[PDB]
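Here you go, one structure.
All protein chains of the complex are present and in place, except for one that has been dropped.
Just so it is clear, A and B label the chains in written order, and each chain counts residues from 1 on its own.
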Amino acid sequence: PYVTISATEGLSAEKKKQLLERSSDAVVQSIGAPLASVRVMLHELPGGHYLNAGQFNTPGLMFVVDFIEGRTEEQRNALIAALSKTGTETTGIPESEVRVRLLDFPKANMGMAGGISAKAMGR
Amino acid sequence: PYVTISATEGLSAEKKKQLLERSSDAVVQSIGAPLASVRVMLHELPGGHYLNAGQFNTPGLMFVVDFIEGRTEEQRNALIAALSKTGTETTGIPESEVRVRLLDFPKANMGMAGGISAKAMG
Partner (left out) sequence: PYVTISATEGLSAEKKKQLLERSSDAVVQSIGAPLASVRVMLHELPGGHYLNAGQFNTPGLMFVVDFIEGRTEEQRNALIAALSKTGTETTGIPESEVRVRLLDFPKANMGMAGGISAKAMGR
């Protein structure tokens, strides 16, 4: 599971660490993914690089999760909710603004350690 | 709808401002999306971080749209055309080099305000 986070700049180093750590925790508790398979990446949006509803310079925090298809609806809703709550508890940005997206991948398309697809592993 | 733009370094602040503003317009007018729901993000690619058909240091401008399933072909073709046109008008990079990608998300996978998906939102 890949968690790619887009945040507007302004967070301290402490907040970044906490955001990524608790996001990883959120994935583990939501869909029961092993920690060894969880990765979080942070992309920071500089000033004027985020247009929100026609407004510049607004706080932003968006989650995108790349994962192998097959998760149940309950798992998806739990994942969206956990990451959204994590983001707000960490950054202070309300869930009304925080967004989370889920992207499905066929096992044949998800390469794994040693450079083979998840289907080849029969993951 | 999320519009994520990847552009090579070199643009002025004014053209950056122009790029995102008109990108927002392109979305509103192509698929009839409410302005309140339209977001545009910009990522700048430094020199040597963009390889174009074997060549480094060439101008780059690529659009990626993340949005919910259900749009007609006409809407989708219009969105691609409008973003391509917008990109050329604001940066000077010809539509021959400009690129637009679309991502369909099922309502079950697209989170909304309040940490709930579009499907659960009903």
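Please note the rule applied: a contact is a pair of C-beta atoms (placed from the backbone, for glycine too) under 8 Å apart; a residue touches a chain by one contact, two chains touch by 3 or more.
Enquirer: List every residue of subunit B that touches the chain not included in the displayed model.
Expert: 6, 43, 45, 48-54, 56, 60, 62-63, 73, 76-77, 80-81, 83-85, 95-104
Enquirer: Residues of subunit A in contact with the chain that isn't shown?
Expert: Counting only subunit A, the missing chain is touched by 2, 13, 16-17, 20-21, 23-24, 35-44, 66, 103, 105-106, 108-117, 120.
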